[PDB]
Every structure is written in C-alpha cells, then in structure tokens.
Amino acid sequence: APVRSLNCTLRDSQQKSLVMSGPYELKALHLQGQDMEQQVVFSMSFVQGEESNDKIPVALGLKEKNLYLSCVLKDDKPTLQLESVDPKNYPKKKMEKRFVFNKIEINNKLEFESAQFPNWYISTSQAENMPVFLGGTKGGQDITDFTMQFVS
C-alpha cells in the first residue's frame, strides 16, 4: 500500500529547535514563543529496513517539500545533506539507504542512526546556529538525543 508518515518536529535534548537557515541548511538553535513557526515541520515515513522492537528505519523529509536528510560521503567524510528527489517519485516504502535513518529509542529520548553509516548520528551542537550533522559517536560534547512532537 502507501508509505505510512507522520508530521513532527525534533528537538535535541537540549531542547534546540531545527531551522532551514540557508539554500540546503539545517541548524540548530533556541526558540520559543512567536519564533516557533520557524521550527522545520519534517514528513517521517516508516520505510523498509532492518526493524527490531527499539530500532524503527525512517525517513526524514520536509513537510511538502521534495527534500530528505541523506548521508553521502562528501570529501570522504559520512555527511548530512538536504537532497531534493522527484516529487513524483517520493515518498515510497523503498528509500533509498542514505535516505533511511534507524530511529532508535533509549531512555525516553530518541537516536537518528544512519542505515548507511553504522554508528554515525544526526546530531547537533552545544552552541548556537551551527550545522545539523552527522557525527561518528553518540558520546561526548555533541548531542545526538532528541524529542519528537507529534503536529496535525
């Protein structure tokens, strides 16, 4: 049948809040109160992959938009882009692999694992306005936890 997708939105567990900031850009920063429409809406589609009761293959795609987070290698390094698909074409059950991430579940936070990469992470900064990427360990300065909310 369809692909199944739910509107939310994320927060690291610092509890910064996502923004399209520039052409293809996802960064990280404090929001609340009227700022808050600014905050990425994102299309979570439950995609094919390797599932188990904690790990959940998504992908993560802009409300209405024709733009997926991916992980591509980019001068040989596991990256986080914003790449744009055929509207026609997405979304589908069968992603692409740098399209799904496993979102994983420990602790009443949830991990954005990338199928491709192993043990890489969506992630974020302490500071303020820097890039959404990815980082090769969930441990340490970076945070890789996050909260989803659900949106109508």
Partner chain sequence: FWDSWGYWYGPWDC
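We call the rigid core the largest set of C-alpha positions that still match within 1.5 Å between the two forms. Residue numbers count along the first chain shown, from 1. First, how it differs from the form deposited with the partner chain bound.
- Per-residue Cα shift between the two forms after core alignment stays below 2 Å for all of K97, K63, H30, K92 except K63.
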Given for the second form:
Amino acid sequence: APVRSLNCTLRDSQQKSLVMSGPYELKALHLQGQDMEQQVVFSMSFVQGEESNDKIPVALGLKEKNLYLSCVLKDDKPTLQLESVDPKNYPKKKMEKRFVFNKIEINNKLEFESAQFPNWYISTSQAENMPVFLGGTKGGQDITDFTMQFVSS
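Write the structure block of the form deposited with the partner chain bound for the protein whose form solved without the partner chain appears above.
Keep in mind that what follows is only the chain, not its partners or any molecules around it.
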C-alpha cells in the first residue's frame, strides 16, 4: 500500500494558530475568525516508526512550499526546522528519522514528540507572535498540547 496523508490545521491549548513567519519558519498567534485562512494547512502522513497504541508515527509537511518539519542537531541544540524536499519522492512510508514525530493523544489533546530527539516536542511560547520550536519537555511553561482540525478532502 502507498503512503496515506490527511490535511489538517493545528491550534495550541491556548487557542494560538500556526502561520508562516518567513520562508523556513512558523510562528503562533491568535487569529480572528475572519483571518483563519492565513493559518498553515499541514499534510500529515502516516509513516514507519515504533508500533505503539499511544504513539502514532507521522510526518508534517507544507505541500504548497515543498517543505517538511524536521528535527536536527544545530551545533549543541536539537532544533525544529522546515526542510525543502522533492515532491516526486515525498511523502513516502519510510521517512528519514529527522522527519518523524510521534503523535500522542492525551486528555483529547495532541503532542508531537520528535522520534530523532525523544522527550523533545513541537512547542509554542505562551507569548504572542513567537516562533514554533522544539522544546525539551512536555511540561514547564511552554505549550506542547494541540487540537487538530481536519480539512475537507
């Protein structure tokens, strides 16, 4: 069977939506109901990873920009980055480790743990208009819990 994907949007537990901050960055802010179309639409693929009832291995891409979210060690820091890919080759079932996130549902909210960096999560700051980043905890002050809205397809 070939790789399957669904279109969706993310909203953190504090109701912040995700938008393009630049060509290779995402930021999080509260959008008015009329500005919702500025939010990024992700192509979420169900990829190869650890067989778990809790963790669902996924890859998150931005189809129109040929980008995938990826986790890389930048100098001494595990870092969330947007990486360009060849759309003729991606998505695929066997996504390289840097592209894999373990999607975990907890109290009806979603967390996205980096497979490359266990215990590191897709995170937002409590402050407005700050970049989306990789955070070293699902706890503390930063936000790691989201809701997903699927887009008609």
